[PDB]
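**Q** One letter stands for each residue in the lines below.
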Amino acid sequence: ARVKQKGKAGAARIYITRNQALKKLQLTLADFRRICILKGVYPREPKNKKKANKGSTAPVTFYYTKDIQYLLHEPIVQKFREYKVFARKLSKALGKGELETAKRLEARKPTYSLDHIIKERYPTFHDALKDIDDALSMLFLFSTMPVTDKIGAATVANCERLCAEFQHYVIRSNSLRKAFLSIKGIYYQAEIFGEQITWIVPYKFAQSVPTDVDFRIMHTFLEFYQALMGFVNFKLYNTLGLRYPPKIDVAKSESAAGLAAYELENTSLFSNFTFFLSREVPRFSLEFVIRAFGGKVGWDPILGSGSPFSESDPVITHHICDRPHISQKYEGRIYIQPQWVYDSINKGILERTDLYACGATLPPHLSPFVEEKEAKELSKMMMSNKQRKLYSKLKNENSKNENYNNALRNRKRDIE
Amino acid sequence: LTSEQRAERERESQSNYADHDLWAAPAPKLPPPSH
Amino acid sequence: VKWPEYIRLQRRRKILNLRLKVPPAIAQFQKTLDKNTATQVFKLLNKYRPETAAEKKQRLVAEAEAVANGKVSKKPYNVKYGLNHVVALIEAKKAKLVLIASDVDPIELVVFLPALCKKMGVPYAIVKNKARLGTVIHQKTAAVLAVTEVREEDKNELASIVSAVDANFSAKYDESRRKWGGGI
Amino acid sequence: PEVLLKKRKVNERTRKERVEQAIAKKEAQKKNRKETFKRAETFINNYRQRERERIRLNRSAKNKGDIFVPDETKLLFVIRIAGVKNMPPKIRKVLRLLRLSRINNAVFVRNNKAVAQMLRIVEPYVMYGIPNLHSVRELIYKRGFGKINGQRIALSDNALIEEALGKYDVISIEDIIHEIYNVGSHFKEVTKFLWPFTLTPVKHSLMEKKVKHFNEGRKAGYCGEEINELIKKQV
RNA sequence: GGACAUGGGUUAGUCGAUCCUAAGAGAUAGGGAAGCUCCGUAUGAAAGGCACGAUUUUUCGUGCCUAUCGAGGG
RNA sequence: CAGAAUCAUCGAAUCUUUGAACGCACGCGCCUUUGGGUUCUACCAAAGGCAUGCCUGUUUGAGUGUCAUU
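Line by line, the protein sequences are chains A, B, C and D.
Per UniProt numbering, the first sequence runs over residues 2 to 266, 349 to 453, 553 to 598.
Per UniProt numbering, the second sequence runs over residues 248 to 271, 286 to 296.
Per UniProt numbering, the third sequence runs over residues 50 to 120, 125 to 237.
Residue numbers for the fourth sequence follow UniProt numbering, so the first one is 15 and each next one is one higher.
Since the hints were derived computationally from the structure, they do not count as laboratory data.
Treat the hints loosely; a few may be bogus.
Here are the simulated DMTMM-like pairs of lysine to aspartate or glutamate, each with C-alpha atoms no more than 25 Å apart in a straight line [said to hold, decoys possible]:
#1 A:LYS80 to A:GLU107
#2 B:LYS290 to D:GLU16
#3 A:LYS151 to D:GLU222
#4 D:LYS52 to C:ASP83
#5 A:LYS80 to A:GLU121
#6 D:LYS40 to A:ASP215
#7 A:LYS90 to D:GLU222
#8 D:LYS20 to A:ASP132
#9 C:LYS193 to A:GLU83
Here are some chain C residues the structure puts well away from chain B; computed CB gaps all over 10 Å [what the hints assert, rightly or not]:
#10 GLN79
#11 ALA87
#12 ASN95
#13 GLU114
#14 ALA117
#15 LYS147
#16 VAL175
#17 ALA184
#18 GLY187
#19 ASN209
#20 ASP219
#21 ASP227
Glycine included, every Cβ here is placed at the ideal spot set by N, Cα and C.
Start from the sequences and build out the full structure, keeping to the hints where you can.
**A** Have a look at this one:
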């Protein structure tokens, strides 16, 4: 045989750069990212760079050739071109003035379904439950964002619909376990089918967009996750016997009723308790958390209709309110702060009300997720690969903080 | 199909939201928990 | 810059037309209707666009279901297009205004049209580009359009336009249409 | 079993350089798109509109001092659909009197004889209706903007609301919505504090980004509860 | 017997070919020819790929460079 | 010599290297998928592909070709 040339096998063959992967698939960058987002595709750094780059040196992202060749036969790639076809035909219709073939074309616009993407990306339901936490964080984040030109209104409607159905599921299944608070939001945490699901809920607030996030990327992720949520929730409701999707009443939903619109046609920590929601608290987070543990929940009508209770009904065990003043304070509805509920959630134990009562100092919150010289100088010099640095990195940041916070206890006792 | 059936069938189209069940690449290395 | 053989062909051909001594009958197709009257002509025309094959069916199904269950109209008003159909209309003096595409490829097709429309006394104009005339009728291209009859509501607008084409196309030029074009 | 995620292969150095060049090229284009021509037709169209508008005012005010006074809502919602170049002097002042100094501005108004009259004066320019509690909720909670010390300030902190509105028993964002929907004593002060919203028409599908002068088909006049649906699409 | 009859025998990563071009042959672009065919191979040929990029209107933008057979070469 | 047939009939198949002969030449490649190994980023195997002229359609385009868009 001939003298085999350089870079004809091994790390110079499997590893293929981004630019080559573009011209091999015949795609533009933006479409390539889209099919990389929808599928599971990510760069992989080769062990020997200049070997894998035909002797070059410049920093370049690499992919597996096996990975790229899978994208060659993806059926959805065709639906990208069919939309490139569709766009030109709709531009043609508007150019000539056919305001009707424009309307019919838009009705028959090409579509793609991620059914086979979900199956090929997550085969087993347990695989979905593992890799769904970001999806929960994603969809929940978007339901409180003003609709922009980049993100269509119906996509927001899909977030709100899919967000509430999941909240209904957890309350119905009583699978909620913990609910931590932070300036990020309300770090929720539940478990389903053995696997653990965690996410974060943004504070529903009149936020601003920093005008530097590239919304094009964020749009494809929604077009991915909003496909995932429908089929993940579908199995959960079928497993729980509920008819997916649960029916939604428009008239109730336009009254800020939250979960009340949808009908689902230490789990008992708050079973024998009745709570009322005043008009200054995060009703959206509190409605979900209390009903997850059997708490009978009513709320101020200004927060939305559908309240089973009124203000005057004394059956409420705890009238939650963070307002500094309560003019018409009731009886039998001991008035505490919202931090009491989450503290009870974390510990699974009925906490002490008066310490969390109105005007009382807030207790701190807890995150539920959280010869010698010779023996230390010989291995520093008489060994080769130097994994001795593990102490200098792993132990250092743990020792310093442990020394720091242990001194916090002593210094705080001195303050008292 | 006359005018109305094609109209009402057009409404019955454009509707595909979780009708069937699919369930009959390493882990993304989930972010660290709250601190 | 080595041009392709067809870019060279396109541009040399364009240069050739402006250099040669164009005959008067082909010279008139270079001095055309202005832009302001062109959009005004097409403002009217886009009222009388013939219904598309999409509309011609959706309408005819409505009658079919009316017949199929249990069951007459007015003359359809639209614009007349097609070379043979229009040439007949001028001769039959049924055309009120003729608009001639300025750039028909074998110029034999329309070279006789200004003479014939002048002969029958049909006010005509040479509108720029065929693809403009094509979109009025939902086609790729139209060699010639003609307005034959409009509703009473727009009868005043057509009369206003016709006097403009007289003043802007035929009142102007006229003599310049009788000089050999090109030679520049 | 440990998939270390490394630093991005994005070269943030060149990214911001491209961004700065992009902004550098964008400002030049705006400074280049200058002093366009104006045809003799648009001068007519302004005059026809101005006489059309002026005659409408005379018929509205004289002999028609009657208002149907929309009932069963103390609170209305008014947004400005469009304005006419070379504005009539009367409408120019009245729109400012309603804080709608610029198009696509959203302002709440307490229903009464006086307000409905001024709305009737500027009716051909405004789409007004009755917002529901939910629609008002998302407006404040997604597009609510404050006027702290007179700058364009987002309602990002409840402390700012308490700081500037404490003496009128307004402490929180939820206090704002409850007051506005109920139109209490402090309704005037809250409405003075609130910066007008901006409901610029949304353009998502391909047909909208191409049709000329697309404004979602916003008419002018009374729309009942359709303004709620318009808000739902808009927010 | 080199005759016929009946069997057996040529083993390669390292020896040669397969790998290359020379003079020329020579398909193509073209053009002749009633025609088999002829001329033509640098020729008035749109004749081969490289890199960059949070993704760019979620419709590709920006920048660079200019056949083939044929045995002494390995 | 040691449901048959050195049978008939023929609607199902098989049909090696070639040959108009068609991946390129008279051995060398490329492309997509699949597999193997008491060897698995290497090697190998297998199956299916890649001639030119033309026609209809399709998609991606080129043009200081024609023209339009307050």
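**Q** Does each hint hold? Answer for all of them.
**A** Consistency of the hints with the structure:
no.: 1; hint: A:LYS80 to A:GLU107; result: holds (15 Å)
no.: 2; hint: B:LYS290 to D:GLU16; result: holds (8 Å)
no.: 3; hint: A:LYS151 to D:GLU222; result: holds (13 Å)
no.: 4; hint: D:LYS52 to C:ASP83; result: holds (18 Å)
no.: 5; hint: A:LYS80 to A:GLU121; result: holds (18 Å)
no.: 6; hint: D:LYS40 to A:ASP215; result: holds (17 Å)
no.: 7; hint: A:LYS90 to D:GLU222; result: holds (15 Å)
no.: 8; hint: D:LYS20 to A:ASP132; result: holds (20 Å)
no.: 9; hint: C:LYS193 to A:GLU83; result: holds (23 Å)
no.: 10; hint: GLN79; result: holds (50 Å)
no.: 11; hint: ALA87; result: holds (39 Å)
no.: 12; hint: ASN95; result: holds (27 Å)
no.: 13; hint: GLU114; result: violated (4 Å)
no.: 14; hint: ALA117; result: violated (8 Å)
no.: 15; hint: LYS147; result: holds (35 Å)
no.: 16; hint: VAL175; result: holds (41 Å)
no.: 17; hint: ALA184; result: holds (33 Å)
no.: 18; hint: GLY187; result: holds (30 Å)
no.: 19; hint: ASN209; result: holds (37 Å)
no.: 20; hint: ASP219; result: holds (46 Å)
no.: 21; hint: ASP227; result: holds (54 Å)
Of the numbered hints listed earlier, those contradicted by the structure are 13 and 14.
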